[PDB]
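Novice: Now for the letters of each chain:
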Amino acid sequence: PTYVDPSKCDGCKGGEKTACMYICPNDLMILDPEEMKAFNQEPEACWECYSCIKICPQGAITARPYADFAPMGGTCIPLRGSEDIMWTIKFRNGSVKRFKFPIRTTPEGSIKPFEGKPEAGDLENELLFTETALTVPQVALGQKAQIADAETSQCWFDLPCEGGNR
Amino acid sequence: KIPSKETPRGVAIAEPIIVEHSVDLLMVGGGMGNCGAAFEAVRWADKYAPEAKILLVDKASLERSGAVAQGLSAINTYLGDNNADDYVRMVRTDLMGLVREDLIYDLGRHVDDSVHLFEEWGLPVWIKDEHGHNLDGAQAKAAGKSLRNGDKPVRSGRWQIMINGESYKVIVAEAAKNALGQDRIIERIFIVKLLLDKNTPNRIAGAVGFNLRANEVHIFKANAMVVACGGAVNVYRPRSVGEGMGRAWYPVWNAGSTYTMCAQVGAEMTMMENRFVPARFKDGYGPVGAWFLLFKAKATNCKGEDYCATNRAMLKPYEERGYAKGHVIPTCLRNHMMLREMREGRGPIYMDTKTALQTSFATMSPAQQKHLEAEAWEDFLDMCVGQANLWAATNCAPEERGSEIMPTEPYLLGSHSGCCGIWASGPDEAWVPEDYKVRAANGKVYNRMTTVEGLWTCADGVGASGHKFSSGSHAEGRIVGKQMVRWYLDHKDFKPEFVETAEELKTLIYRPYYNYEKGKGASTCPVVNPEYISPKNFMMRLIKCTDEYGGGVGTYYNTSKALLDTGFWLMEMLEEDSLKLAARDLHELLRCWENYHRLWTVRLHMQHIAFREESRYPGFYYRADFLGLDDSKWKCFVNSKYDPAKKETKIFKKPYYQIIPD
Ligand SMILES: Cc1cc2nc3c(=O)[nH]c(=O)nc-3n(C[C@H](O)[C@H](O)[C@H](O)COP(=O)(O)OP(=O)(O)OC[C@H]3O[C@@H](n4cnc5c(N)ncnc54)[C@H](O)[C@@H]3O)c2cc1C
Ligand code: SF4
Ligand code: SF4
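Taken in order, these protein sequences are the chains called G and B. Sequential numbering from 1 applies to the first sequence in the numbering used here. Sequential numbering from 1 applies to the second sequence in the numbering used here.
Some hints here could point you the wrong way.
Said to hold, decoys possible - One side only, chain G facing chain B, incomplete, derived with CB under 10 Å:
id	residue
1	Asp27
2	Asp32
3	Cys52
4	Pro57
5	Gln58
6	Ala67
7	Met72
8	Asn93
9	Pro113
10	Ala140
11	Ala148
Calculated from the structure, these hints are not laboratory results. For each residue, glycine too, the CB sits at the ideal point set by N, CA and C.
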């Protein structure tokens, strides 16, 4: 679960999106408008996805690992930049490991989805607009499974019980 | 002091406004499915229907909504040199033989194209350098090597590829945004109903929902729509019942909406008996794979022995029938050999990373050691941060102490290593059987359409066609996105109408609000009140019933006709009680409708397993009264169709066509 540092949180004064409240996939982050401080309204529904922890401008949100199975002292802190992410893992015993990973090669907000790409083709074939041909199964069969249905393998005639006309 | 005086802490909740929308194409959900749908649909509309109103609605905000919220470390579907026939063959083995092979093949010949788009958009994809050593996305670009340049990915198994995909979702949501714009995307709005046409029979007409930031009921009229809102989690009692209720493997906010919203409206459902119980690290559910293959760390019981080797005999009846033969065991059978070690108390199932690391660090240079450790930790930081938190907490850096493996509580999904969902339509080719094609009242057959005319679904939505993953989910959306624009043009002059009025819809959505208002005076505490029921308590009462009678963790995934019957008896007192749910705030109204979706699905999942008189997925769930599999009577799909007018479900067998040989 996630909590907000009241001394760090300013309630997002400018640019009237409340970063944490806006981003949370589970609608857990909410702002107290009078106090201008935010909190997690339902901590036991927190998937601990770090979405709010990353987006927070002040960096007021940290994660306390699930109290009902995780001991105290341990924490993960990201610092997500424009093209990379830095993680610092602080252990219960005091150990620290740091990491750095790529997150994106192209600049944020720059994707032109259609520029350069082919225009819409045939509304009647299975081709997507960026495609030109599609594979067909190597060998294709039409073998129906067929299920026995009858609750008995029993037969009381002398003759196989196969051509059941009546 | 008195609890009823205490402030609700959610948004507000008061008499809603009611705001209508006439739209041509609606998209419910904004995960991997619809972000593919939007991307495709716009392009086809910009050329052929530029006047057509397209709208995408999401429970959360598109930037981070869905399963890919914290990102991923791998793309699990990528052919590239592989042919879509062995793709179908592999998905068939894993999912115990009973799959819609046409949907899987169709998903194969479209999937790579999405992955290629992803890289182009900015997704850092790993590529082999020249001496077979790993390069990350940033440095692969620096070197001038790409999938676009056909450079062969890192790949930790025939079908998967490695990525630096922390920002995976945001990259995809961006493409969907720039195609649509903040005018065709309305976020933070939960859809609850789905309405079908007053005039023509079995045809979709609209959808109802509510705003999560202001008191508004939204009524949507539509010609064609996708409902892709993910799978169903927290339908069974988890292994941590305190705060750990939020630490499930699949996203905790998947309420089984896709499944119920369509089933409720008459769409034919498929394979709902199928579930997925993954084997992941204890409590945190982080991925194990990397630690196993990068360092060769194995699972050992209390004796230190390999239970896979010891319990090989359990697989005899299956391999003789051709289900497992030669160290290619289905995932369900893998944790079927795990369960006997557990129930006979020879646990805990343990990953000794301590000794496995100190041995592998001897044959590696110090700098080559930092690299393989940074790959392994990224599997958490890119995919599952909760686990890294647990290791930070428990002093469990793999160097000094190992970790426990545990099979998770059941999850209901169609995109991942499961296959439960909605009966979709095949593409319409010679190689597709006639029973696999829907074909509408106009005679033509549109790909991936439900049996409800004009309604689509994809990715977790379509059943019997698992192993789509993040790429197939996008590809399927693209498939649908086109078919919706195609549909609209063939039905251009439609005009949808509902049997129910806007007031009737509004009083339904906010019923739990009225329930609370009218009954709150009865008690000094808002939770303990005889007049209504809390959504958190409904949530609990359900997951308990499912655990104990539907084959949850508590019963070692075990069920029978008798156990299910008891389940059903409680289930339909709970169905009745749902009419008396209560909401103090908007966030509670959200939970109220999510838990109602959670009931309808988990019940349907049980009605399916009750019907199928074999244990098709041993290790996932067992029928105690029908322990073994049976290809005589049950080689087929199990489908159901709900009747809205008669409030009756009809569960029936649906024949399986084998298409790809072997
Ligand atoms: C932990 C885990 C690990 C994974 N690892 C991999 C991997 O390594 N490789 C890989 O390829 N795939 C992986 N996946 C699988 C992949 O994420 C899914 O297959 C894919 O995300 C499914 O997409 P979807 O179409 O179901 O939409 P989702 O991404 O599941 O999102 C559903 C959307 O619907 C919306 N929604 C839900 N309910 C409503 C409502 N009723 N009203 C309006 N909107 C609603 C949500 O806001 C959300 O945007 C992983 C998944 C899990 C979570
Ligand atoms: S984003 Fe950060 S600073 Fe802004 S309201 Fe949320 S916790 Fe406070
Ligand atoms: S960690 Fe994720 S799910 Fe939890 S409150 Fe933050 S944004 Fe929401």
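Novice: Would you mind marking each hint as holding or not holding in the structure?
Specialist: To see whether the hints hold, each was checked on the structure:
| no. | hint | verdict |
| --- | --- | --- |
| 1 | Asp27 | holds (6 Å) |
| 2 | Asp32 | holds (9 Å) |
| 3 | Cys52 | holds (9 Å) |
| 4 | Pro57 | violated (15 Å) |
| 5 | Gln58 | violated (19 Å) |
| 6 | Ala67 | holds (5 Å) |
| 7 | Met72 | holds (7 Å) |
| 8 | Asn93 | holds (5 Å) |
| 9 | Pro113 | holds (5 Å) |
| 10 | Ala140 | holds (4 Å) |
| 11 | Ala148 | holds (5 Å) |
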